[PDB]
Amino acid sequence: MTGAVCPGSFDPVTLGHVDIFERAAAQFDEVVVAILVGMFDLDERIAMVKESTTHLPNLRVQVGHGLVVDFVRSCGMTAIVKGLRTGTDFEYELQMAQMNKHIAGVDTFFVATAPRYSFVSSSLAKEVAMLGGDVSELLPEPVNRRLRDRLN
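Where the form is deposited with ligand IOP bound, what structure does this chain have on its own?
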């Protein structure tokens, strides 16, 4: 039984994130989205991920605390899957990947997000949305709905 953990704050989840979830879900038996304790509270973040991943029956959403590698090992896996996008601090991701292999033997697999979703990030989406800009093509509809409510 193989399994990947996709860790993050997901505040909010973007279509870049969902693209990675989909690719992980297609290559591993189970995928766990670990929401790592912002604009939205924990329960909203969970809801937004769930609502955006109903098409992925082997995907599961869970709150995580502490080291990602602890979460991974407790849940019975040894793989982390993370996306790459424009603006990713890859050097820091690499540093963490090597540290995570060192302390817990967990591998990290990096996958590039699709070009169309390669420039969205949670932070930039929020900042642009707060200043009036339309990022709805870059976020799941469950997120757009909640984003709209707050702006109103």
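What we label the rigid core is the largest C-alpha set whose atoms superpose within 1.5 Å from one form to the other. Positions refer to the first chain, counted from 1. First, how it differs from the form deposited without ligand IOP.
- Measuring CA movement between these two forms with the rigid core aligned, the set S123, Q62, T86, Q27 has one residue at 2 Å or more: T86.
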Second form
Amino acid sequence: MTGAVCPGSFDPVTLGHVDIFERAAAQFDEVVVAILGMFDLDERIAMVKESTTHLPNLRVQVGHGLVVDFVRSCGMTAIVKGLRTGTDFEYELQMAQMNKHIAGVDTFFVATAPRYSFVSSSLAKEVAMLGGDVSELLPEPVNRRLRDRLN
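Please supply the coordinates for the form deposited without ligand IOP, as a counterpart to the form deposited with ligand IOP bound shown previously.
Left out here are the partners and the other molecules; the chain alone remains.
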């Protein structure tokens, strides 16, 4: 009866994201990854799906419009997202307060695992496009598609 939505662009999903999914899935009856660029929509979904097969209570959905409308429509009960820094917290803070104001929807933040603290979709992509190896920071389903898109 509890449910969390983990929203993001996931372009592509990273091992930091999967860590958040696993931790959300352990505390909520259901988790919905809402995908809201380098990869098109279908690629993003497949990469998330392929990376979370070990999470039976998690489902992946494409989202549109406000996250809070997605949460309330799904009958979900909260938003969960990962935080790395105090500056992450301050921007996500404003968004969470706003979401609470407009829809009554709450947001729970989880601290990133230390080993993924410096990993983001954006930085991974910029490094990859310049010839660096980020394969230890991404799930293999992403690594596969990444190599192909840069081959």
